[PDB]
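Asker: Listed below, chain by chain, are the residues.
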Amino acid sequence: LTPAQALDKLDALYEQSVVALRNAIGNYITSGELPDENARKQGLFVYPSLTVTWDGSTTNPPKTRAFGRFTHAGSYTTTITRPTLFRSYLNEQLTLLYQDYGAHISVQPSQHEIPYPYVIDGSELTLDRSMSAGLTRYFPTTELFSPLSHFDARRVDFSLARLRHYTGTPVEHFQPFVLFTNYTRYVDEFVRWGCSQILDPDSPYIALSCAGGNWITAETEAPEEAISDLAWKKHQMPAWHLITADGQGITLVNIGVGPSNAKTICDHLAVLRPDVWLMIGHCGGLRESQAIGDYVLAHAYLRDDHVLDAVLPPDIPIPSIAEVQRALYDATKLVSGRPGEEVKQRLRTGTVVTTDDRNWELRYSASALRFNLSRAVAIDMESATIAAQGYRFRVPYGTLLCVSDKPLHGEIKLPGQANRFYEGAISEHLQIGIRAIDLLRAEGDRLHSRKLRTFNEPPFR
Amino acid sequence: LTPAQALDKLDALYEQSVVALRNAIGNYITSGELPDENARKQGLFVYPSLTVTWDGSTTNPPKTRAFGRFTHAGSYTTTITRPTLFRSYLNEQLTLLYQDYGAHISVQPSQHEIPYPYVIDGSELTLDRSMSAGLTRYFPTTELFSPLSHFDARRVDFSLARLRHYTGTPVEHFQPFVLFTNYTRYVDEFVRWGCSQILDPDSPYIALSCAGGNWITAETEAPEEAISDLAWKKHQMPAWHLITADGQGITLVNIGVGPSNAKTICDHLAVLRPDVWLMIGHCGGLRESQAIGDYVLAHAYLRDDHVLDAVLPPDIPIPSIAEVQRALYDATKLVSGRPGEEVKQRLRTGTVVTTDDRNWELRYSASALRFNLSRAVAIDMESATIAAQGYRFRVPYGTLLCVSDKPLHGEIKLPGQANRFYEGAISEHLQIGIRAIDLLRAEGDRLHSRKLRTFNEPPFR
Amino acid sequence: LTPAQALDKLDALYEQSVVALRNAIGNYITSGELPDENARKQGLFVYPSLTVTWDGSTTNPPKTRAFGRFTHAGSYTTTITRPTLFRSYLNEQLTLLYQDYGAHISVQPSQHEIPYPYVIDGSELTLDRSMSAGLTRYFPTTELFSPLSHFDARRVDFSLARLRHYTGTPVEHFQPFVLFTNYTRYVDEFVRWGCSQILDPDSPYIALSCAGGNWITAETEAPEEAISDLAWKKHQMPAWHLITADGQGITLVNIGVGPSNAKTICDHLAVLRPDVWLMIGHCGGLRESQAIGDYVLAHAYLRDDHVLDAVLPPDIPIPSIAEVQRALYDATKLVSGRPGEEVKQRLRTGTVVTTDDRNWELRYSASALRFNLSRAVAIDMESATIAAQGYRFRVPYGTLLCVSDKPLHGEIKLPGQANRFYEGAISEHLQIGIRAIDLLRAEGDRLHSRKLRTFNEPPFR
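Residue numbers (the authors' numbering), protein chains in the order written: chain B, 8 to 151, 168 to 484; chain C, 8 to 151, 168 to 484; chain D, 8 to 151, 168 to 484.
Mixed in with the good hints, there may be bad ones.
Same chains, same names: a pair is fine if it fits in one copy or spans any two.
Keeping only pairs whose Cα atoms sit at most 25 Å apart, straight-line, the calculated SDA-like set for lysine to any residue is [what the hints assert, rightly or not]: (1) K48 - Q115; (2) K429 - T71; (3) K356 - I339; (4) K436 - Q348; (5) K429 - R177; (6) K356 - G447.
The set of hints was computed from the structure by calculation and includes no laboratory data.
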């Protein structure tokens, strides 16, 4: 079986099942009819199942590529969902295994049914008590030889649903290069630069999906509702997508503040298999030689975020991704206009502390030892969490923060208040983020190294 | 008071005290005479004390330099020892503070006497029971406003004595660029390349101090006793110094195996304030795609060495020094020929596990989870310790190991056992180390960044 | 099936397999021929498998003996290797179970093939890339009801190989009574005393295997190369075996310094099932009443060695072995002349701290609390590790150190230098060790008590 073929059979099998389930649900709602246990066992509501096998013998196996490789020989499977949405990805990946390793592809009904909530397309239903009880009782609901991908069908559906809700955007609009910001003024500056890019008939950016719904293209009456204030009341983490023809745009998510939030957003955004996400936000400068408006390139993190300690113990080393570091570095060199060791007067590379206690100042003395011990240089509340999640989900990551204040030196200024020197840098900052992406996008596959491959790393990127 | 002046008064005061103490000791040994408590209180046996003050007001204070800076205004002091040995360093540092900040230097007797063992230039002079007791009873012994430097007089003397003993070399011969190796064959290759360098009338290398005593210069009968086998029985960590006129040579120390050793050696070598030390040794490849002879550039460490957990908790992040990473990377590009992106076929950049349990294989199962969790790529027994010590003592560090075997893939091999493919690269490996040093030496001050500065970082480098 | 019979069938089955594998390997090397999977399944490369069963009903079951007992009724099995080497041991053990319990012995091919490295007798192979790859791919490699013995076939082969490498000696020369030393001068004194013993036609000692190869017997031209300095460069832990007719000699291993090393050596030496190993080395005296040259009989250990914390938690109690303690005690009484309670002026029995941080002095204040809390009396770097390993592998153990300096009292000496009084003591010390062994050897089986038996203690000693 071949790539293109596999995709079609996936498309087919999937549509078939979702349609079959929707039908079953309606038939129950209207007449109270139940599905026949036999057709289900036969794979009525089941997700398609994609399997790739390798005999383990190829003359020149790619050993440098970061993804799309085989560690050993055998069969790798996984359930599939939204084949259309993932068509690009699925093809790119299957092709690599098909050609480079000459793998045996095959598609067929899995043993996992699609939870009914994931097939109810229009507005969520509003059945009475009994009606609901009956649904969750007679229909597929959510429950609490080697993996072919990182997430299985159910995990992906679960996250796709959330991404929409939190983001206030369609999962189809997300771009491969992500930018995370903890300050509202960053979106403002992003949207503005965005629309600008659309009108420029040279900028590949041809559209702008906005948290809330607004779709903005070259010909759009009043490009004002782009930042419909109502967004920040309906969506905990609004997103904005500067889309391009080939879908190599830039997606920006304003994760807001709290490690709790940074973990949550990444847990879902991860299923879309991004190429890289960058933390572009404000932070506190801990060194006296730092001036508000300066930049910090995180090269390590003191994880006082707690949110990921369970799944990733604090003594597990979270490294810097060289490729992402250079991009962030050079981007600062170019955008800030000063080439050479000149940048060091505006950029400090060092260890960043991420914490879940915003009023950490109230306990400085207690923190001070660890702060010194780790040669901390700045402090924030998302960095380490974003990095850690990138590390966990194999998504290149990087952190470039802008000093918005110096807690340890009288100058405490809560973002939103008058802080000339910080505020005036918000635009340049966002630009360093964007340029870093440009640089990384041009890197092609170089972007991805083997730095995050686990021993059991799935063949799919 | 000025730099040159301060240095001379230090020289003076020091010589005076050591001589005064040697005298006191002889006078006791010969006649049983004791020193007069009054002259001691006056500063008879005391070390000189160097003090630098800053009023805290300079128009353009260096804020980018990594060392020789002032965080705040005030008086910084420290006891001084072996002023002659540290003449170069002491001058370079005092000068920076004198000029750039216009600091007020001053020298004067401290309140700390020199332990008598540090002044007995002679290995020994046989004293019986009572003679000894009398000595430790009536003479200075080792009894377990801001800091100007990292180590005080006693701490330095302590380490200098050891460095000699462990190394089998004179502390005066140590060079600013250090190479650490865990395999005897590395020294062989180093010595050979060294002598060759001396004979070449273009290679700045004009001498070769050898563990044991042998001093080798351009005109030396038989440059054979260079590796006097007796060294490895008298010195737990033999050193070899390829000295140059200006003292910018290369020092190589064969730390042998065990984290216990790596810590010990660094504790002492640190007082000589090196410019960078590199871990050039063997390791086990944990990834299937690795081949014996390949290289590993550590970009993080899983610290299972235990030896430093007390003074530096495992959750404290130890980063990579960008400058050192590039040098190690580029050096591998150049030396292994075939540069560019082909290097990735021979060099893997990833996390290295350092452990104190050599037979860790006997417990693989237990380790496996953490190995996977940390995306480990290789395993050794010094890396993380050397790195962590560099981190602690503010000495740029880097690790570039060579896969000598693959424990997880039927190929457990021992350093001594026949390993055709590892042995073959030992020369090329050492060359990558040396080239990286060359590259870093040429970096001038660029080598030193602010990545290791603590909040209370001492003015002196 | 009977003892002698079982040993022969083991001998047979083993030789057969190793020969068959060697043949297979050659056939591959020369023609590229592969073994037939069928013959392998049949047990072509497999180790013999020794099984003993007990119906669980004997009138007077030995309940006092320390080893060779049955906890419950059932079948106890294990793979066997080098039957010839273990002939003595294997017989002695199988006999005890055969007679005392009337057990049913049986031998037969196991399910475990012998890793090819263990059958290549001469020197390790040096095949090219492909040749090696092919070997590890098509042949047995090292991959990472109740047990009859402590270690199975593979584990034993693994350690036998290492013992040779680290020790620089043939596993067949190892004697039942072991001495561990952390100072080179101990071997010197041992060798000297050894040759002396050989020449004396009353001393059972008739030979001396030396680390490096040198075999010394009564008629050996120049007994000088006994301590071939080259040993300490090729062997991380040289051994010397004072052999006797009946193999009840004394083996001395210079484990050098570091807990990492002590663990490693015991991991392997353990498979030879020694009768007892003693830690005879130097240490630091922590009590002012102690004088350099004094002895310390460890009766407990503060485990700051970290190296065994994983496998044996620090709160698990490591006791003293009464039998070994008496021997060590009396040996000090006899050898030091001082009889009765006079010994207490030269020997202090107390708790010893073992650490992996050699420059622990640099942190005294932090240690001091625990030191006091544990009534510490001396400090070293192997004791607790050797003791713990003995405890782990059921090998009676004991520690008798010699004070080589007093860190806490102005004499932070560096053993490997000019410490007059410690040097003098060495010979007497080594003699106490040797006398203790004599005493224990005479103890016959008394030596072994039930103090180390686990609940599942294997039948074999």
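Asker: Run every hint past the structure and note whether it holds.
Answerer: For each hint, the structure was consulted:
1. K48 - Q115: within (14 Å within a copy, 35 Å between copies)
2. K429 - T71: Between copies, since 18 Å is at most 25 Å while 44 Å is not.
3. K356 - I339: neither (31 Å within a copy, 29 Å between copies)
4. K436 - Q348: neither (28 Å within a copy, 36 Å between copies)
5. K429 - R177: between (45 Å within a copy, 18 Å between copies)
6. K356 - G447: within (18 Å within a copy, 42 Å between copies)
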